[PDB]
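Just the one chain here, laid out as structure tokens, in the form deposited without its partner chain.
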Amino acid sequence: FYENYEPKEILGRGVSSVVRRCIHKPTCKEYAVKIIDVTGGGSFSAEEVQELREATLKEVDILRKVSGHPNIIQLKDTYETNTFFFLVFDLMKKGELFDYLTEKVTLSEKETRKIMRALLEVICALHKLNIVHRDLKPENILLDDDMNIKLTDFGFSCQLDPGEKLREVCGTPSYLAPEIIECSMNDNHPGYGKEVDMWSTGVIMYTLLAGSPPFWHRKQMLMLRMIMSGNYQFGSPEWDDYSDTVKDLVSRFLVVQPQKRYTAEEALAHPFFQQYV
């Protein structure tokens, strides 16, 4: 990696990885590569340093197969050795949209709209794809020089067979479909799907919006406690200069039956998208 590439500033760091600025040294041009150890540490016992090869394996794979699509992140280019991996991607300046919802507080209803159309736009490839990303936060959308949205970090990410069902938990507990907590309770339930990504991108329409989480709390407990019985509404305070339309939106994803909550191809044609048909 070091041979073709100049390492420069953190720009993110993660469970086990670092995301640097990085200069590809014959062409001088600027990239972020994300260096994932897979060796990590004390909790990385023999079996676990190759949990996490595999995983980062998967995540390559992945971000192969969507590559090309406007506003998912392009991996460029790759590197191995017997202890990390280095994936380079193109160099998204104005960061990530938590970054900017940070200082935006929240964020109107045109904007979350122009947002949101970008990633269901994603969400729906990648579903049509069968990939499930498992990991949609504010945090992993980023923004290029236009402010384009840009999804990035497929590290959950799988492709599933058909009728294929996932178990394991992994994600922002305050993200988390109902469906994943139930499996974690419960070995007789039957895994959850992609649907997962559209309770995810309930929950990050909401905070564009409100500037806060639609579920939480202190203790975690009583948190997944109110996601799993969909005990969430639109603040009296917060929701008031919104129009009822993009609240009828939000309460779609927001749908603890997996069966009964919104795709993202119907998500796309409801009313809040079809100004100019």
Given for the second form:
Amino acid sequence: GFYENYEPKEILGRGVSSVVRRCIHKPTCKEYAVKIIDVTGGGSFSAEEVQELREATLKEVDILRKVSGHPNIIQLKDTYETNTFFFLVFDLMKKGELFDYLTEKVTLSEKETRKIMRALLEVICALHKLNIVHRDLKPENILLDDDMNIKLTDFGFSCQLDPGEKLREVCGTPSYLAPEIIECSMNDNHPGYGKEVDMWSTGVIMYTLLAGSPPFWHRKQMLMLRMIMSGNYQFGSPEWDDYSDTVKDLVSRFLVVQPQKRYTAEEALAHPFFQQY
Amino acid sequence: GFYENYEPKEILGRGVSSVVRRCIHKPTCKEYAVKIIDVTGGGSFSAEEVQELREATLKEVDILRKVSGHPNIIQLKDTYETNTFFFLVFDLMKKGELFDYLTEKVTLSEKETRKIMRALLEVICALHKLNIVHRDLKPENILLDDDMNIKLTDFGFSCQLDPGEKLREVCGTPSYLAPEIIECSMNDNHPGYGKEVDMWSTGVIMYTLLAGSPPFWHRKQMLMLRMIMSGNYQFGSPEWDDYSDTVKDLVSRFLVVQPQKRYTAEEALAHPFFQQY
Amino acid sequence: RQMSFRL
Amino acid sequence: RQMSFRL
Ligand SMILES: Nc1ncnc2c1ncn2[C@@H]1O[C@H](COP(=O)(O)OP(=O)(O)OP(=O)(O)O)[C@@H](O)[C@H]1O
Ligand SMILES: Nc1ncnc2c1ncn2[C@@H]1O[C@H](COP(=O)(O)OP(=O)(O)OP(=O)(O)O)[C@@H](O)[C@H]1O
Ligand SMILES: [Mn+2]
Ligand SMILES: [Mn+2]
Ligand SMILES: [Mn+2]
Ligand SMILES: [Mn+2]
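Taking the form deposited without its partner chain as the starting point, write out the structure of the form deposited with its partner chain bound.
What follows is the entire complex, opening with the chain shown before.
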């Protein structure tokens, strides 16, 4: 099936239920990246649990097929399935993620940040026109090619919403979580959440590029969550001194607690930071 | 200070507030591993936040100095401090972590598992005699040397308890968390927790080596936490079929919800699995 | 580093 | 992968 067509190489990355490796296509001798997903739960899960994970994986593949073709989104080339594993073959990105890049440069400039955010907002605008929420936006899920162009990946928690539908689950990566998803977990009489969670996360990304660290970074998780819930953050000490007031205005429109008042992708691309007159 | 004595190389690992790199000692030309900790919070934290992180780091160094000398614990060689960073120089472990090892072999045998667990329990027994709790036991924090001997590391959340003292904070890695720490977060009138959380985590480690996956592995975090709280797990389908009833008895004595009934390190080393007569 | 989760 | 946290 997959091992008769491809040859497995080294580990490029790892997830909760997946391992990402470099692989050679036997026929053409070209290199690709393969996500190996274990639906059986490492050693063993229940049949119910297995079906939940098999249905989550098929929705991932579905969104990947719908968004195919966009120049700044990763391309899924070929999928394979067995009773325990799923194999998703993707284009290989040699310069890795935006997280690795940030680690080497510590902080990025206002000009380099405008480049990346203009591309990222364009992708978000496209997805939201189709009613799709990514739901896991972060530096580790944004890859770079040889020309340093961004390529969005990991659509594992993604959803295409129906007219009227709202999501109720608590999922994501802790320091990028919007406050409405955390609100959802403390009150079972909450209305739900929608596409707006992606804009908060976008804001966390943008602040982290410019300052070197995340806006709501704290040692104790309980206080981190209280800080994100109240929107307690700041552009402090010497760090943000070199930066204009326009970038800071844009970041603060993303970091708004009430989702109905938060900026959208369309509105963010119209801001003076990307130009206005 | 640190850059005048050592030369920095590649990234070997990354944490929430730290980056671990390979480095050459200028004078002797020998290779070491250096943990770079940012107390300033990436770009910027508050003065309060900074002092909390600076005091957490100094306690880490303290425990590292107290436990120094044990053959199966990592050795801290040299520390450096500035206003924003902390530099902790350690012995370099070329074969990496037990997590990377597990990924390549998928599952380990009963005999290979007896080797690792006998060593790990010995270290835990030593620490608990000194009243020290590690509080973050997991495959990613257990390193291997050239002879494949285990070396315990990451004492970032560790504590030496006073006569009578109990801990009240919620910290660790989600799938290895004992139920008493999760109980602590839902009821502010709980008595606290102690050294017993390390034994639960030890149990999660042992099951994960043998089966290939963690005992309480589920897609939705809310249900994962309910599963760990109730102790709902199983030795299912074909996975555990090859294994004896003695290993399974030992794992189930670790995975006990009531901490007063849970096995200790001393008791675990006396079990028939490691020998009895 | 930080991974994703499901409650 | 999984990282550590503080509430
Ligand atoms: N196409 C690719 N080319 C190169 N490296 C890749 C590619 N896809 C993924 N990787 C790497 O592997 C990692 C894991 O992939 P992915 O994000 O899809 O896994 P996951 O299990 O869904 O992770 P997460 O914990 O975020 O949910 C990424 O962080 C990235 O570094
Ligand atoms: N002495 C060492 N030699 C080689 N590699 C090392 C060494 N120490 C650490 N590493 C690697 O770097 C990683 C991170 O180190 P460490 O666990 O101390 O960081 P951390 O920030 O405390 O991580 P965590 O998220 O678990 O809290 C480890 O998982 C390991 O792979
Ligand atoms: Mn990912
Ligand atoms: Mn994912
Ligand atoms: Mn660690
Ligand atoms: Mn740690």
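Note that the rigid core is defined as the largest set of C-alphas that superpose within 1.5 Å between two forms. Residue numbers count along the first chain shown, from 1.
Can you tell which residue in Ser229, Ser243, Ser212, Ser45 has its CA shifted by 2 Å or more between these two forms when the core is superposed? Meeting the 2 Å or more criterion is only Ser45.
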